[PDB]
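Just the one chain here, the form deposited without its partner chain, laid out as structure tokens.
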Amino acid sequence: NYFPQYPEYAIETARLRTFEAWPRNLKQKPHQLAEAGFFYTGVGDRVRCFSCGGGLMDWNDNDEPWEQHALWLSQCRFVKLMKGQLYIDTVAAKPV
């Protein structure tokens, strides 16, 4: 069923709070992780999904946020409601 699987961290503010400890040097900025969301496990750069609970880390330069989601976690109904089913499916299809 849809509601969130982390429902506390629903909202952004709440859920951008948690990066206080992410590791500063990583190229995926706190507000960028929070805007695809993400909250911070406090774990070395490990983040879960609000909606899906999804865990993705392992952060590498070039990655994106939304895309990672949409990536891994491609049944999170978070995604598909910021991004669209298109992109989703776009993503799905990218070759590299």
Second form
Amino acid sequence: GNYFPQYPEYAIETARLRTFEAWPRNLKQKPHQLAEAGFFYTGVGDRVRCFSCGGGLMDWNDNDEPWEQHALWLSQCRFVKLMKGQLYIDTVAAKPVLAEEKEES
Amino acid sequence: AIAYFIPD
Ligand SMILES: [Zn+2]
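Having seen the form deposited without its partner chain, could you now give me the structure of the form solved in complex with its partner chain?
Below, the chain from earlier opens the complete complex, with every other chain and molecule after it.
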């Protein structure tokens, strides 16, 4: 072995969805999408963490896609690799808008 | 979105 989810308690997406109970209705990204992308709500602002890699994302923009942001900033994630595949992770990083996003900070 | 935490 060697790999193990950073947050085993949130490996079940059904449990991840539950954390979005207090998710701001305000945000364009909906609980279903975020939970399916492997994220669970931190309960603070719009901060979410991935159960698998433990990476945290915040300050979501209107046109952000949970899977893309996941693959873009946390490309080594085992969950992203498992669900979306390596080709997708590579392609995401080549999209102009995302490439610039990653170069910015 | 911005990654406030990236795995070490
Ligand atoms: Zn992840």
